[PDB]
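Participant: Spelled out, the chains give:
There are 2 protein chains.
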Amino acid sequence: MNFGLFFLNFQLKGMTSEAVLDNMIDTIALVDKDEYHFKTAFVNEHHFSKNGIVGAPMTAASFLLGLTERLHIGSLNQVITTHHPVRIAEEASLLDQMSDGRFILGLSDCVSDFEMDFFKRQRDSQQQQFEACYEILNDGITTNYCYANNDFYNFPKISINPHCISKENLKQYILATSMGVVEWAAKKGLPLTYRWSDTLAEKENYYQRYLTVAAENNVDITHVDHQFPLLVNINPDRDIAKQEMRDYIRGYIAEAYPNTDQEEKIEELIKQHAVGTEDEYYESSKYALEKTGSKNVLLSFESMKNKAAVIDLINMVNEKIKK
Amino acid sequence: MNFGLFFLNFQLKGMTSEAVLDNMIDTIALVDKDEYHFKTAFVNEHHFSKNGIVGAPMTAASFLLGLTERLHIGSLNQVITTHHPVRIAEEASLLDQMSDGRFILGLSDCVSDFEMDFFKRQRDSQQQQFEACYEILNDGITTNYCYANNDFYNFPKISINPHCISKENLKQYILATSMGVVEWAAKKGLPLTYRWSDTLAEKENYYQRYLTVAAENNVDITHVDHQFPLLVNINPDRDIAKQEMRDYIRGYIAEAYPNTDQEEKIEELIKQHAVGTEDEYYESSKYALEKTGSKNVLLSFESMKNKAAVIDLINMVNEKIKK
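Chains as they are written, first to last, in the deposited numbering: chain B, 1 to 323; chain A, 1 to 323.
Everything labelled a hint here was simulated from the structure, so no lab data went into it.
Treat each hint with caution, since some may be false.
Any copy will do: because identical chains look the same in the list, a pair fits if it lies in one copy or spans two.
To be verified - Listed next, the in silico BS3-like pairs over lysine-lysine satisfying Cα-Cα at most 27 Å (straight line):
| hint | residue 1 | residue 2 |
| --- | --- | --- |
| 1 | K305 | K187 |
| 2 | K171 | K50 |
| 3 | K307 | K286 |
| 4 | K120 | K157 |
| 5 | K39 | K305 |
| 6 | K167 | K50 |
| 7 | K320 | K188 |
| 8 | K295 | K188 |
| 9 | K320 | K187 |
| 10 | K13 | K167 |
| 11 | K323 | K13 |
| 12 | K157 | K13 |
| 13 | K50 | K157 |
| 14 | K291 | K322 |
| 15 | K167 | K187 |
| 16 | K187 | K271 |
| 17 | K305 | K188 |
| 18 | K50 | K13 |
Generate the whole structure from the sequences, applying the supplied hints.
Facilitator: Okay, structure coming up:
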């Protein structure tokens, strides 16, 4: 099991944008020192509300890459369906070059009908646009050349500067947002990142469909390293840890999952992730990792309001990784 | 006179993309140390050839900002006419927060008909699209809200995250690319960045048009700090320095100024900039600064083939800055 971090950067009531971003920056600076065994760190993308104040994860990763020396840093869910593939390919190659191969390209389809309207993207052809955008973006990263002649993009062959050194070995991840995307990803043998806010059953169902589609297409997925973003809030008072987590995720659940039972969605997430005391077992989270084929686990302690307890927790996790 | 740096990142024959980008990174790391009196550093944008291998100057500035603590760093010519204004506003506010107010937003209109076709932008409305795009990004940077209802952008009112602290005090510069842009910039009292590859007469004509339009509109321009990017190549052999500069700019001149006399254009640039020995006077470059109202000068030593001679020159300039 590989360990890493991920940051949602939620700006709750009374918090300032500066405090939220300072927390990410200081946590990554601390974990980047050699005594730690976390290997990766990811930045989440969100627009148009305080439930995630980072709208450009590759730009944020760039700053963090300039600030660090050991960690590999990247985007968790760079939405390509509302962006331009040539521009993303140019940024990925630049970060690969400037950071000496430490940038990770986590990708995502669009999951907000509002954003599809905002950026003038057709809803009914969304899946086809996601795949056309990926082919252009993947061409540029692995061959340093882009070309398009289809119903979404049409332009002559051009070179992508700077030239990418990693090429096919630049790590890419796909956010599991629908069966169409998961099946598309299985045929390409690309690793999945699961939506943190989804239910455990949803993630397990995605993984089982991923296994089925890969087997039908004779795709070798023995070394595909799926990723599980895990929210963590450990407090000696079980009620303190459970309430801080409810105050952290409630706004986003109402925003991103409006047609669901709000209260059940929240409670299911408290069970799935790690919210409790230091002496609990969290077998629901261990079950979650195993049954989704996740070989990387990404931690976020951002709901905990005591920063000294967070540093204490990071060191405890780090020591067990050494063992 | 304020001093700074700018980087064109030309990848000449035989050079690798890594060597070019390592030069910028190491030069900025050295100059950021406290003993230096350079204040700014800028990254140039270019696409689809090796005459400038950085396609995302704000992403490159982000990395450099993470690497440094003192210098203010930004884009030299972020083209807004082919980009989305809401995305730029989100990135600028993000960089303002993460770098503690050290990001500078140098902007530019599009100067390549190929790029206008590539990104599906109408040529006849280029000037009007440039102005509609600026209003959206400038609204978001100074008020954290964007709204549009015109023939280029139409979307409901949304907030820009993260919260921008600098707002109106976030320095903006406008690349002097045409009379239409210079006049538009004069009415807003915004400072100019001159195209390095233009003739001296062209820059003086831009400045004189800027003074005229500002006077006609009762705009206070007494403290507007225009910027002059100056290429530098100092070598004990005057003929070596002139050849290294000829080999540096020839490709770009052929690319960006195809319908002009190539040889006259190059020689005019050799006269305008600082290409010679250390004991020469360079009164043509001093005249250039004075007659363009430039209060900031940006230096680039990238044509010199001896990197140790470049550092020696940087120290010589630095000592003269502190008198």
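Participant: Next step is simple, just say for each hint if it's right about the structure.
Facilitator: Now for the hints, and whether the structure bears them out:
no., hint, in the structure
1, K305 with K187, "neither (42 Å within a copy, 49 Å between copies)"
2, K171 with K50, "between (29 Å within a copy, 26 Å between copies)"
3, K307 with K286, "within (25 Å within a copy, 54 Å between copies)"
4, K120 with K157, "both (25 Å within a copy, 15 Å between copies)"
5, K39 with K305, "within (25 Å within a copy, 38 Å between copies)"
6, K167 with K50, "between (35 Å within a copy, 18 Å between copies)"
7, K320 with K188, "neither (34 Å within a copy, 59 Å between copies)"
8, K295 with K188, "within (18 Å within a copy, 55 Å between copies)"
9, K320 with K187, "neither (36 Å within a copy, 63 Å between copies)"
10, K13 with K167, "between (43 Å within a copy, 22 Å between copies)"
11, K323 with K13, "neither (39 Å within a copy, 51 Å between copies)"
12, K157 with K13, "between (49 Å within a copy, 21 Å between copies)"
13, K50 with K157, "between (40 Å within a copy, 15 Å between copies)"
14, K291 with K322, "within (24 Å within a copy, 65 Å between copies)"
15, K167 with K187, "within (20 Å within a copy, 47 Å between copies)"
16, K187 with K271, "neither (32 Å within a copy, 60 Å between copies)"
17, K305 with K188, "neither (41 Å within a copy, 45 Å between copies)"
18, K50 with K13, "within (9 Å within a copy, 48 Å between copies)"
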